[PDB]
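Then we have chain A:
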Amino acid sequence: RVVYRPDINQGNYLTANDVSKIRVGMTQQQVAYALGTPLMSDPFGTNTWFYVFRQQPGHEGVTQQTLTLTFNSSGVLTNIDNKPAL
Partner candidate 1 sequence: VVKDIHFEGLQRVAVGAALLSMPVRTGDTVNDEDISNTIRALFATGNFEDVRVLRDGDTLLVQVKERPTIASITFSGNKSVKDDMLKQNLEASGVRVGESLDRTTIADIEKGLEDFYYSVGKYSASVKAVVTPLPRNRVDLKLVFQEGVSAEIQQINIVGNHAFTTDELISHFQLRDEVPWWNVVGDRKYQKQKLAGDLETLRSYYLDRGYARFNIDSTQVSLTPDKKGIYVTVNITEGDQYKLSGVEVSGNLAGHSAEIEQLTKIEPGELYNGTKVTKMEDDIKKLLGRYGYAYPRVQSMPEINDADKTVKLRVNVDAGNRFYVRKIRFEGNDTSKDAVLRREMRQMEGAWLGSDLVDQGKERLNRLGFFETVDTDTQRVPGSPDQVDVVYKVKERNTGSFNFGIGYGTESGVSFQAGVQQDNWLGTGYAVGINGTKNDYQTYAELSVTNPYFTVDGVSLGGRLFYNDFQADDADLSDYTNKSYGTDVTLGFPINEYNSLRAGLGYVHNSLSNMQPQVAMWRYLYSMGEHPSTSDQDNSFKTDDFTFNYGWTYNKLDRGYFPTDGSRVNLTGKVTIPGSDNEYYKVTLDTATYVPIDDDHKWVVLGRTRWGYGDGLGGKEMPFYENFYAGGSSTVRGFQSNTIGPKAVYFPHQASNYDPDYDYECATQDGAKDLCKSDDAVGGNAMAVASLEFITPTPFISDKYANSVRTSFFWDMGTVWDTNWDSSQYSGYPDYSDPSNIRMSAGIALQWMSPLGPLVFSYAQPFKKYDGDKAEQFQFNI
Partner candidate 2 sequence: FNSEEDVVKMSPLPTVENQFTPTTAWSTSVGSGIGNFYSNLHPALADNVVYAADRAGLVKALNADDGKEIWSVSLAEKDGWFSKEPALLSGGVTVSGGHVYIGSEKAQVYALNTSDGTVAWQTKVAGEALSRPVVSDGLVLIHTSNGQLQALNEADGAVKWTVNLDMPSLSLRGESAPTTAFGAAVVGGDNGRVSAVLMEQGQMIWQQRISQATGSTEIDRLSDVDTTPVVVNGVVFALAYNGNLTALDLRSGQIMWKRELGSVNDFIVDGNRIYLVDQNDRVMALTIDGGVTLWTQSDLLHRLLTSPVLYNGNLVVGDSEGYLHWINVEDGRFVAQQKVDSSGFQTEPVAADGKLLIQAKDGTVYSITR
C-alpha cells in the first residue's frame, strides 16, 4: 500500500458533444469520422462498436463511460448505449 498512485486513463477520448451529435442509422463513415477511429468492436459477431473511457488516480474514484454501439452488416448506426462513470 502506497498512499497514492499516478493516474491511469484509456482511450475513446470524446465530448458530450461527441455523443449528442450522432444518432441511429448514421453511417460508420460519418460516425467513424465525427467520432474518430472507433477503437472497439468484435472480431466475431455483429457490427457492434464500443466507446469506453476510464481514469483512476491515486486509489480514488472511477470515470467509466462505456458506450456500446452496433451497426448492421451493411453498417447502420443502431442499437446504441453508453454507461457513463461506471
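Simple rule for what comes next: contacts are C-beta pairs under 8 Å (C-beta built on N, C-alpha and C of every residue); 3 or more make two chains touch, one makes a residue touch a chain; residues count from 1.
The candidate set was assembled so that all candidates are chains of the complex that A comes from, given by their letters.
The contact partner of chain A in this complex, picked from the candidates 1 or 2, is 1. If you check the complex, the residues on chain A that touch candidate 1 are 2, 6, 9-11, 13, 36-37, 39.
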